[PDB]
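Below you will find one chain, with nothing else, as C-alpha cells; this is the form deposited in one PDB entry, and questions on how it binds or moves follow later.
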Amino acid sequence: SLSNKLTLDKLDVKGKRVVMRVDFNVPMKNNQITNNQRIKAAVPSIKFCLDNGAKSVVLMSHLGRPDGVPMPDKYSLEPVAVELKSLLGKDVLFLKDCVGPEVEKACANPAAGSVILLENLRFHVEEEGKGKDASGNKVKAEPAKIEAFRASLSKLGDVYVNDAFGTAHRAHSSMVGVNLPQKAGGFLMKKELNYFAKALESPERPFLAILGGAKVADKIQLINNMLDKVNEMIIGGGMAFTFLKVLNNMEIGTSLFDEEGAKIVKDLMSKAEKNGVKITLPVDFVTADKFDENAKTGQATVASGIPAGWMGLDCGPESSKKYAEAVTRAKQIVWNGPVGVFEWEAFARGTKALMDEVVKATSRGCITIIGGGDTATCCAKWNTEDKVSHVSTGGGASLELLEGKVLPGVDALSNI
C-alpha cells in the first residue's frame, strides 16, 4: 500500500520540525492507562526522527470521543505524555491545547531535539468536522473554521509524518488536511499495512471474522463489504443485540441498540446466505441492572429475553460453545471487539473463553489477527500477545482494510 507513497525512511528530517499524527487513543480505567501498546508502537518513528537530526517532533492525537467540546477532566492526553517519557528515554513537553497562538509559539522555533505532545484534537469540532455542544445538541463545523484549524496544525512542523494506523480509516483534519510539501507514512503505518497486505492477499480458508465491541453504529456498516471476503462471521458483544431484536423479536432491555443498523439487518443476513457465510450470533447472556462494574447480575437466553431495565454485558456458556465451534473450523481469523465488557470481571468470562480458543487455534496452525484499542488489551490482560499471529494497533482501521479499501490517512500521503 505504500510503494507509491513517501515514507519516513526516505524523508530528510535533518534540521526540520516534524509534526506527526499518532494514534495515542489508549484505554483508561480508574483514570490511568491500562495498555500502552499504541504509545510504544509509535516509538520507532519518533526515535528515528530524533536520531536523524530532527529539530523537534510535535505529536498530535485524539483520545476517546469528546465530540468537539474541551473535556480535559475526562479525555486529556496529559497522562500519555508521562508514559511516553519512560518509553522514549527522553523528555516530553505537554501543551494544554493543539492550536492557537500559544501552541504556535511553543512549536515555532523549539530547542534542538524537543518532543512536544499536544492536547486532544477532538476538543475542537474542526478535527472530525462535526460533534456535539456542551448541552448535547449535535453541531457541524463551519468550513472556514476547518481550514483555519488545518492551517494552524500545518504551522507546527516543516514536514509531516502520519504514524496513526489505528486512526487511518478516519478522514479527519489531522489525518488528511495538513498542508506541507512532504507528507510521509511512518514505520508503524508501514508495518501494519505490510502485514495485512500479505495476510489478506490469499487468506487461509475458512476465513472467520469476529466482530464484537461497542462501536455498533460505525461497525454494523462494515459488514456488507466484509461479507464478500470471509466465510464465517461471529457477531457478538454489543453488536449482537441489534440483530437479535430484529431477527428473533428478542427483548433486549437497555442493551446497546442501533436504530439505523436495525434497518439493514435482514438485508445483511440475506447477503450472508447468498454468499455462503455462516453467521454465529450468541444465544445466552450475562445481564446487569446498570452499566457498572458492581451491578447486580443475572442470566438470560434469546428465548427468555432480557428483562426491562437490564442489559446484556457478556455472552453465556452456550454462546461460548458456538463461538468455539467456529474458531475450530477456521484457518484464518480477524477479531475486532470483545464479546463482553471484559474490563469488569463479572462480564469477562466470554471474552476469556474466546481468547483461550483463539490461542489454541494458533497453536495448531491458524493465522490469528487480533486488533483494536480495547481488543488488544485483552491480549495484554491475559498474556497472549505472543500466542497469536499478530496483535494490531488497528481495530476499525483493520476491518476497513478487510473490506478492501484504501484508507484515507494513507491516500493523503505524498506520492513518490
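Here, rigid core means the biggest group of C-alpha atoms that superpose within 1.5 Å across both forms. Residue numbers count along the first chain shown, from 1. First, how it differs from the form deposited in another entry.
Positional change of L244 between these two forms reaches 2 Å or more at the C-alpha, relative to the superposed core.
A displacement of less than 2 angstroms separates the C-alpha positions of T34 between these two forms, with the rigid core held in common.
The interdomain rotation between these two forms, with the chain split into two rigid parts and fitted on C-alpha atoms, amounts to 29°.
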Contents of the next structure:
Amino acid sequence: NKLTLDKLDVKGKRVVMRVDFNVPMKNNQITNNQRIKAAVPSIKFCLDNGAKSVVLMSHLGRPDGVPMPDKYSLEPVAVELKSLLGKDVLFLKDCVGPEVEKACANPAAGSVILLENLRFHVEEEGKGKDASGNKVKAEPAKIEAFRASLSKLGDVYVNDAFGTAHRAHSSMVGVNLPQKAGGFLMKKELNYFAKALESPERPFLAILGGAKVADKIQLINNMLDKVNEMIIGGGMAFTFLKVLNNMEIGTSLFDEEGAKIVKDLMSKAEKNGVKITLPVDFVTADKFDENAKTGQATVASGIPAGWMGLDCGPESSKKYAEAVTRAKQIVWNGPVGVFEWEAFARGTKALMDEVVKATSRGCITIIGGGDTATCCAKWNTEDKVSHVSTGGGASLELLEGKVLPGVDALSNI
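Return the structure block for the form deposited in another entry; the form deposited in one PDB entry was the one displayed.
Partners and other molecules omitted; one chain follows.
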C-alpha cells in the first residue's frame, strides 16, 4: 500500500507537488478552472501543516518538448491559483536548472511556487518533436538529470495529478525523494473508482457514450465483467443498430471494425447477465453542423439517406431513465448526443437530470472526466453528483482494468 498526504509530516519541509493543471485555455486565459480547484485541498493542507514551501509542477497541452512560452505557458494558472488560495504564487519561467533550483532551495516560509510547463523539455515525456517537426527521443543521461533537478526542488514529494496518472513521465514517476505520497485528489479519485470496480453498490450501471466503437472495446469488455446494466449511447450506437437491427443509418457514423465485434459484445452481455440499453429513436441532422436542418427517426423508420443521427430521442431518454432509476451505482462516461449544440443536447441534458435525481436518493454517481465533466460545468451540476472526475483519460485506463504508473511509483507504506 501507498503513502498518502494525510500521513505525511510536512512541517518545515519543502513539498514538490505534481499537479494536473492542464486546464482548457482560450486566447491565453483559462476557460475551466476545475483542475486547479481540485488540487487546493492538498496545497492548503501542506500550508496549514507548516510546510516551508509548496512547489507545483504540471504540463499544459502538448508542446512536445520545445519551449513554447507564447502558446502554452502556465503563467495564467499561477494568477488563478493565487485567487483561489488567497495567497501569492510565484511563477518561475522554467522547471529545472540552476536558477530554479536556487529559487526553490530555501524559500520564505509558506511560499507557493509554480514552475513553467514541464513539457517544454523533451525529458519529461521522454520523446517529442524538434523545432523543425522531427520526431525525437530524449537521451538517457539527460532524462536522469531532468529528474534529479526536479527532485531537488523539494524535501518530500506529493503527486496529486490524478489527471496525468496514466503517464509514466519524469515528473510523475521519476522523482527521487525518500517520501513520495499521494495527494488528497489522487486518493479521492482512486477510491471512488476502486470501489466502483471492486465493490460497487448494485445494480451497477455504466453509461458509455461516444463516437466510435473500436476504441471502446477494452472498456466495454472490462465493464461487461463488472456491471449489471449498460447503456450504449451516442454515435457509437449506430454500429450496434446497423448490425443488430439492420437499421438504415444514413450518414451516421459507422465503425467498420467495431461492426465485426458487436455480436460478440452482445453475446457476452447476455452470458454475464448484463442488460443492454441502446437508443430506439433519434434527432437527425442534414449535416454535421450546429445549424443543420433537423428531423426525427426511430430504429424502425431508419434515418433517411443523407441524414445523420446526432442525439437520442425522447423514447430513448425514457428507456435510459428506467436504467438510471434501477441503479445504486453509476459510472457515466460519454454524452449521448452532440451536447455542445442546442439542437442535439436534449438527450444528454435529460440524462443529466436523471443522474442528479438519482444522487439525491442515494445513488453513487461517478462522472468521468472529459466531455461528461464538461456537461457538469455547463449545466451547473458539479455539486449534485457524487464525484466529477478530473481525469478522463486516467479514469478510462482504470475502467479498462489497467494500472496507473503515477500511482504505482508512490512510496509503499
